[PDB]
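Trainee: Listed here are the chains, written in short residue letters.
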Amino acid sequence: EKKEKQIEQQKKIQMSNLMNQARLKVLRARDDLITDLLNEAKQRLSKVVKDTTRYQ
Amino acid sequence: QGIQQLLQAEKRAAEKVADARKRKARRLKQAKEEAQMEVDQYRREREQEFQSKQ
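Protein chains in written order, with PDB author numbering: chain I, 58 to 113; chain M, 6 to 59.
Just so you know, the hints here were simulated from the structure itself, not pulled from any lab data. Every residue, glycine too, gets a C-beta built ideally from N, C-alpha and C.
No more than 20 Å apart at the CA atoms, straight line, and that leaves these computed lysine-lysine pairs for PhoX-like:
| hint | chain 1 | residue 1 | chain 2 | residue 2 |
| --- | --- | --- | --- | --- |
| 1 | I | 68 | M | 58 |
| 2 | M | 58 | I | 62 |
| 3 | M | 58 | I | 59 |
The calculated label-pair distances, taken between Cβ atoms and stated as ranges, are:
| hint | chain 1 | residue 1 | chain 2 | residue 2 | range |
| --- | --- | --- | --- | --- | --- |
| 4 | I | 99 | M | 56 | 52 to 62 Å |
| 5 | M | 57 | I | 73 | 20 to 30 Å |
| 6 | M | 35 | I | 76 | 56 to 66 Å |
| 7 | I | 85 | M | 46 | 45 to 55 Å |
| 8 | I | 76 | M | 56 | 19 to 29 Å |
Let the hints inform the model, and build the full structure from the sequences given.
Mentor: Here is the structure:
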C-alpha cells in the first residue's frame, strides 16, 4: 500500500502535468497568432508612412 | 526387592515429562520456521505486484 498508492499518485500527477503542458502549448500558440498580427500591422502602417498624401 | 525397583520404574515416567517437553521443544521451534517460511509468499507476491507496477 506504499508501493501501489505512491505510483498511482505519481501517475495522476504525471497525467495532470500532461494536460497542463498541452493547455499551455495551445495558449502560447495563440500568442504568436496575435503577435505576428501586430507585427504585420506594424509593417502595414509603414506603407502608410511611405505614401505622402494619406500620411500628411 | 520392592522399593529400589519402584524408583527405577518412576524414571520411565520421569523421562516421559522430558518426552512431553521435547515434543514442546521440537514442535515449538520447527513450525516457527515455516511461519518464517511464509515470507516466501511475500517474496512471490511482491514481484507479481511488481508486474502491476510494470
